[PDB]
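What follows is the residue order along each chain.
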Amino acid sequence: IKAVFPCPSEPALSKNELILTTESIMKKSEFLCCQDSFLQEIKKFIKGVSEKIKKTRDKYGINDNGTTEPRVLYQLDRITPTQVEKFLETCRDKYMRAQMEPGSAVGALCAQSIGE
Amino acid sequence: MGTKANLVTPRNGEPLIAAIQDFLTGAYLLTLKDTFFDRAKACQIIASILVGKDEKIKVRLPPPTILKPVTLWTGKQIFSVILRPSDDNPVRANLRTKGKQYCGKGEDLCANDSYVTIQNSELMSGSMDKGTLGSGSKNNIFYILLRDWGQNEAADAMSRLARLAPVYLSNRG
Amino acid sequence: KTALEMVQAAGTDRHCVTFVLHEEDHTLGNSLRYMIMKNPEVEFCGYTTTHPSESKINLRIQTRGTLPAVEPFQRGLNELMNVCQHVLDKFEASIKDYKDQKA
Amino acid sequence: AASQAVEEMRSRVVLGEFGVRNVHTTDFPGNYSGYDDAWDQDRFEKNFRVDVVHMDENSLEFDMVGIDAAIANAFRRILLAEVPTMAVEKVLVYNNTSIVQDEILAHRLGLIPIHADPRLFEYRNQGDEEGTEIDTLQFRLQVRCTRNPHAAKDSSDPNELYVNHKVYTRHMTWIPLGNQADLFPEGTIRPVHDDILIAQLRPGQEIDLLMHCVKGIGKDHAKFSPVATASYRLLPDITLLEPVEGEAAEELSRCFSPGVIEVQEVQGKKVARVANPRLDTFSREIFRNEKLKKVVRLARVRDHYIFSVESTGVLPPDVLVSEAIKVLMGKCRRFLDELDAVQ
Amino acid sequence: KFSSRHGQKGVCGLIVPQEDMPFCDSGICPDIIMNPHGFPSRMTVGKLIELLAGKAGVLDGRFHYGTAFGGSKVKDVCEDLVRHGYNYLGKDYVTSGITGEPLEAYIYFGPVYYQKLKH
Amino acid sequence: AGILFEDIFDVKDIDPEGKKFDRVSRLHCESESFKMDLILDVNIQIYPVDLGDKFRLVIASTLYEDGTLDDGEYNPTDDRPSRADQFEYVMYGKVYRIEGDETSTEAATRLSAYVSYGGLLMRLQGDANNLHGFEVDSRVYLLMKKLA
Amino acid sequence: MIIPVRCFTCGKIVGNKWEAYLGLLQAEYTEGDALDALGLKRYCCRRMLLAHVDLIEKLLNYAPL
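The listed protein sequences correspond, in order, to chains A, B, C, D, E, F and G.
Counting from 1, position 2 in the first sequence corresponds to residue 2 in my numbering; the numbering is continuous, with no gaps.
Counting from 1 along the second sequence, just add 116 to a position and that's the residue number in my numbering.
Counting from 1 along the third sequence, just add 289 to a position and that's the residue number in my numbering.
Counting from 1 along the fourth sequence, just add 392 to a position and that's the residue number in my numbering.
Counting from 1 along the fifth sequence, just add 735 to a position and that's the residue number in my numbering.
Counting from 1 along the sixth sequence, just add 854 to a position and that's the residue number in my numbering.
Counting from 1 along the seventh sequence, just add 1002 to a position and that's the residue number in my numbering.
Just so you know, not all the hints are guaranteed correct.
To be verified - Per label pair, the in silico range of CB-to-CB distance:
{"hint": "1", "chain 1": "F", "residue 1": "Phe875", "chain 2": "A", "residue 2": "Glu101", "range": "47 to 53 Å"}
{"hint": "2", "chain 1": "F", "residue 1": "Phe875", "chain 2": "C", "residue 2": "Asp389", "range": "38 to 44 Å"}
{"hint": "3", "chain 1": "E", "residue 1": "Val817", "chain 2": "C", "residue 2": "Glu343", "range": "29 to 35 Å"}
{"hint": "4", "chain 1": "G", "residue 1": "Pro1066", "chain 2": "D", "residue 2": "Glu522", "range": "42 to 48 Å"}
Said to hold, decoys possible - Calculated Cβ distances over 12 Å to all of chain A for the following chain F residues:
{"hint": "5", "residue": "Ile868"}
{"hint": "6", "residue": "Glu884"}
{"hint": "7", "residue": "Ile898"}
{"hint": "8", "residue": "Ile900"}
{"hint": "9", "residue": "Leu905"}
{"hint": "10", "residue": "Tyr928"}
{"hint": "11", "residue": "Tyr950"}
{"hint": "12", "residue": "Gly954"}
{"hint": "13", "residue": "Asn983"}
{"hint": "14", "residue": "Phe988"}
{"hint": "15", "residue": "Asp991"}
{"hint": "16", "residue": "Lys1000"}
To be verified - Cross-link-like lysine to any residue pairs, in silico, SDA-like; alpha carbons within 25 Å at most:
{"hint": "17", "chain 1": "B", "residue 1": "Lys169", "chain 2": "C", "residue 2": "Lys385"}
{"hint": "18", "chain 1": "E", "residue 1": "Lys853", "chain 2": "D", "residue 2": "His499"}
{"hint": "19", "chain 1": "B", "residue 1": "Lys172", "chain 2": "C", "residue 2": "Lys385"}
{"hint": "20", "chain 1": "G", "residue 1": "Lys1014", "chain 2": "E", "residue 2": "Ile767"}
{"hint": "21", "chain 1": "F", "residue 1": "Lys948", "chain 2": "B", "residue 2": "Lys169"}
{"hint": "22", "chain 1": "C", "residue 1": "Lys385", "chain 2": "D", "residue 2": "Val719"}
{"hint": "23", "chain 1": "B", "residue 1": "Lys120", "chain 2": "B", "residue 2": "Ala278"}
{"hint": "24", "chain 1": "F", "residue 1": "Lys874", "chain 2": "E", "residue 2": "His799"}
{"hint": "25", "chain 1": "A", "residue 1": "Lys59", "chain 2": "A", "residue 2": "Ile25"}
{"hint": "26", "chain 1": "B", "residue 1": "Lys172", "chain 2": "B", "residue 2": "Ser253"}
{"hint": "27", "chain 1": "C", "residue 1": "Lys345", "chain 2": "E", "residue 2": "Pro752"}
{"hint": "28", "chain 1": "D", "residue 1": "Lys685", "chain 2": "D", "residue 2": "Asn668"}
Because the hints were derived from the structure by calculation, they are not lab data.
All C-beta atoms in this analysis are idealised placements derived from N, C-alpha and C, irrespective of residue type, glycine included.
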């Protein structure tokens, strides 16, 4: 997601904002259908991304408000709001499409899979 | 029951339709650090791709990797045309994986050139081996193409390799 | 019906055109490719055989600017004919000279 | 310097211990920084030279300097496959009683070469089996093997015991059609070799057959190919990087082919010089000797090609090479005519 | 189906015109081209020795013996090739028929007995 | 100008782990003016580099000094005055990873920029103030001239 | 069964050489030297005479005559 849609001219805010944006997107009508365990796993991954951003920002001049002078420093762990919206949708669609289709002949597939 | 819909085994989900033998060796030899090519040799190898529905695509030749003492491209640049043959192709494949032979250190600055990075359908590092182009791996480019861009994009790329890899190896020897 | 010219797109952009040459093999294509790749205007020239079974070569010429691509292809055929005419004359003169020294 | 390195890259293919480097032809516009590679007809004409090293009946050796590999390969490919010749296509068989199968005997007859000149005859149209005086030549072979009436008692040797024991290409007799007899004087149309063994017979066994010969190109069948082998080799240019003197000269002379290296005692001390690099067969045995590997460089001049053509005897070798160049000129003209029709 | 007498059996995938086949300096073009990939998994070193022995034997005019537990050694056969002007290892410098330019790698070229199978 | 970075570099090692390739050598270098270490692959067939050589390395966003970023396609045949006329070796590649120094837990300023020239990699490592103007997915010209 | 008229790879006519080769072998000439006298320089041509088995003579002993 970061490479396919690298967003220049975007806020690139992080830490508290990342977790706030994620929780708002998770609770938007969709994602209720998603199994609850999956939603928790996304939150654990997002919490990890937020922790990584904080450590890097502390190590190399924390953004006072997004105004630090070497602007290359902002590229160190860059997640922008459009990327967060794309990541959460791609994960919902990938999960929904991974569900076994009803009528899958589940038993026949297992017997062949054990034999090979 | 179509091949495009069944490119992955039901047992683990690993890809089963993938490059084998001489397709794999032509690609490893093309994508080695020493493979460098002049405009004519580049144009001929890329030309093999333009058949069977690729006739109606205008080929994009990437700018040459070497430019001043002599103008030269790299094999990694020519392999990348298999992934995005034209400027109107929408596939922007991304992979970052250890190749077999990985030194264990320096992720992408390995001594053996065995860490693969593909950005926007362009190989930036590494040589293609069974791990990235062959069966049995979920770190395959064809698998990332199936999962992220679709069955058709993966199948088109596999057909392009079966045309490019034989033409380089027959002429190289 | 030996030569069929297929334009790259519905828009019929002249700069990229694929010439399908019937009853042809690597002998004409490789020689023509060298002659038409010595033209500065041609950015990309390559030949591909669709299948070993069918005797047809598809030659794709992509020009640098607005050149129609028929003009580079035609110039290449003319150059190959001139190179052949010179070699035949030089070879015949050399063969005659050798026989005369032998005599 | 770097300029020296580029000059070798564009002019010499260097043979190495594990591989051949600088293989590709790189002289195209824009491939180099200070060199103009755009086509100049005047430059090509001045540089090109053809030298006939050796010509003997059925063999021609010549050197083309300044030609490119793609143009040179075309001449070799045209000579092998696109220069037309006359060969047996249909064998009508009456009373074949020999051990050899008729299908095998038909194939052997097709392979035998005919001395008829292809340019005079014309291609037979599809079907049209009967043929015409212009498009075909008819040869009749009738041989019957009989016991020799006056023979020695032991008769261990078949040749003494039997007459016409072996069918040879001399037996084949041309049957003239229409005005062909006047156009071709007796003996102009004959099988070239005269000694090829078509079949072997025993007493009471007879082969009677009629053969029709048609013009064809090598691409359709190998029987129509006019050259035993046509091949080109780039000229060898061995260079000794460091002066080599002493017993080393004797080993360096041994590593290469028999006449390429001549050892001369300039001051009573052996010194090695390269006299005839053309003879080198590139066995690359110098690489086996560790000391001499670094003292010599094995390379081939890219634009000098030594071409060897051996004919099957159907037509003189010089004529075959001239015909091949004309066939390429024809292929270009056919396409130019199509472009005129399109526009 | 054609087999090589070393347990490697193949079907004829393609029939190519002589002009497209790669040619060595002598002008010999290969009757059969065999993929190098077969030898590493199969571990048929004997076939590689048989090409070298046959090439040396044809040039010498002698028939070499590959009898089990004995046979012609590689060292003796290589010396015969050097006398006849060929590389001891039997790898020959070839040029490509399709492109007209030399192949980057030296190609092993030699005579090997092939038997046509009934199928 | 369109210059991103410019310094004089001294070659310190040629092959750390042996000669893995023929044409390519892995040059490890260090700069005089700034404390910059440089990993660079160069084609040592066309351009030969020795263990003591000193060279000037400019990285530029555009090859025409008038600051016109117009690069629809690069035409080798076209001849106009440019920056490459002053330099011996030129490569075109893409900046693909900016990464922080891991070797200090606090108060750090070293950054790594990675550029890939079709597979010939460069790591440029130094103070963040000198690597300014690098961005991911940007395309840069390396230029290089040896000094007597 | 009978000597092939043309070498399989090169295409040289080798049908004419069989009778001479047998005669040279009948004399003291060595197999390599006999092939050299016939002019079969390339290895492809040499194998055809060297590896040929003449079964036509043996088969004919059983032919009707």
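Taking 12 Å as the cut and beta carbons as the points, is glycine 954 of chain F off the interface with chain A? violated (5 Å)
Interface exclusion of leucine 905 of chain F relative to chain A, criterion Cβ beyond 12 Å: Consistent with the label, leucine 905 of chain F stays out of reach of chain A, its closest Cβ about 32 Å off (over 12 Å).
Mind checking the alpha carbons of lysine 853 of chain E and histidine 499 of chain D for me, to see if they're no more than 25 Å apart? Holds - the C-alpha atoms of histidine 499 of chain D and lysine 853 of chain E are around 22 Å apart, at most 25 Å.
Look at the Cβ atoms of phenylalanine 875 of chain F and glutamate 101 of chain A and judge whether their distance stays inside 47 to 53 Å. Given about 50 Å between the Cβ atoms, the range holds.
Next pair to validate is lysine 1014 of chain G with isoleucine 767 of chain E; report whether the Cα-Cα distance is within 25 Å. Distance of about 18 Å is within 25 Å: holds.
With a cut-off of 25 Å on the C-alpha distance, tell me whether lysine 874 of chain F and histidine 799 of chain E pass. Answer violated: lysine 874 of chain F to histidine 799 of chain E is near 41 Å, above 25 Å.
Would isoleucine 898 of chain F pass as off the interface with chain A, using Cβ distances and a cut of 12 Å? The claim stands: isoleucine 898 of chain F keeps its Cβ more than 12 Å from every Cβ of chain A (closest is about 31 Å).
Minimum Cβ separation between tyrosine 928 of chain F and chain A greater than 12 Å? Given a closest Cβ separation of 23 Å, the condition holds.
Assessment of proposed distance window 29 to 35 Å (beta carbons of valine 817 of chain E, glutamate 343 of chain C): Taking Cβ atoms as reference, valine 817 of chain E and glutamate 343 of chain C lie about 46 Å apart, which means the hint is violated.
Would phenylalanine 988 of chain F pass as off the interface with chain A, using Cβ distances and a cut of 12 Å? Contrary to the label, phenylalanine 988 of chain F does not stay out of reach of chain A, its closest Cβ about 6 Å off (not over 12 Å).
Satisfaction of the hinted span 38 to 44 Å by the C-beta atoms belonging to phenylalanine 875 of chain F and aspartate 389 of chain C: violated (55 Å)
Verdict for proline 1066 of chain G, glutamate 522 of chain D (Cβ pair) under range 42 to 48 Å: At 36 Å between Cβs, range violated.
Against the hints set out earlier in the document, violations occur for numbers 2, 3, 4, 11, 12, 13, 14, 15, 17, 19, 21, 24, 25, 26.
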